[PDB]
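The residues making up each chain are set out below.
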Amino acid sequence: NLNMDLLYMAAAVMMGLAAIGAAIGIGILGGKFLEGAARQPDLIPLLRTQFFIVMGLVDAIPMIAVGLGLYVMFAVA
Amino acid sequence: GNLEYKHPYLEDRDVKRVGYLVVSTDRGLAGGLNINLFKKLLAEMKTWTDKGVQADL
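Chains as they are written, first to last, in the entry's author numbering: chain J, 3 to 79; chain G, 58 to 114.
Please keep in mind that the hints were generated in silico from the structure rather than gathered at the bench. Do not rely on the hints blindly, as some may be mistaken.
Unchecked claim - What follows is a set of in silico ranges between Cβ atoms, one per label pair, in the way DEER data are often shown: (1) G/75 <-> J/31: 26 to 36 angstroms; (2) J/25 <-> G/58: 32 to 42 angstroms; (3) J/25 <-> G/59: 25 to 35 angstroms; (4) G/64 <-> J/37: 17 to 27 angstroms; (5) J/50 <-> G/58: 37 to 47 angstroms; (6) G/94 <-> J/51: 53 to 63 angstroms; (7) J/36 <-> G/112: 42 to 52 angstroms; (8) J/35 <-> G/113: 16 to 26 angstroms; (9) G/100 <-> J/47: 29 to 39 angstroms; (10) G/64 <-> J/44: 37 to 47 angstroms.
As the list claims (entries may be wrong) - Non-contacting residues of chain J with respect to chain G, defined by C-beta distances greater than 12 angstroms in every case (computed): (11) 18; (12) 24; (13) 29; (14) 30; (15) 40; (16) 53; (17) 54; (18) 64.
Every residue gets a Cβ at the ideal spot worked out from N, C-alpha and C, and that includes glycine.
Let the hints inform the model, and build the full structure from the sequences given.
Written out as structure tokens, the structure reads:
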């Protein structure tokens with residue numbers, strides 16, 4: 003019927019936007035991480051620790067949105 | 058330090074000719090000061106030019 007026409011667009015928009023956000027944010031962060039490392043090797047591990055701290059806050063809302071995208075595409079669609 | 062940059066002044070290169078900045082008094086009566094220095098110099102400028110290198114003063 004007409005439901006299945008919309009549901010997958012209503013999912014794909016969510017997931018494409020989450021992808022844009024996650025990738026752009028993680029790259030903006032990872033660039034500052036890397037060029038910082040290249041200054042001072044043997045500061046690499048501490049910076050990587052802190053990078054993994056900060057990455058966990060970036061992937062929060064995008065991953066909520068991906069979870070709901072998968073909900074719609076399979077709990078509904 | 059924790060990293061490095063590389064200026065010419067920091068890294069050796071093969072010595073083809075050498076420079077000297079020579080410090081000397083302006084006044085006499087200093088005793089043997091100037092000539093001990095100048096002979097010590099001349100000995101080593103000789104030692105260097107025994108290896109074909111020139112000197113610049």
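*Against the structure shown, which of the earlier numbered hints fail to hold, in ascending order?*
1, 5, 8, 9, 10, 15
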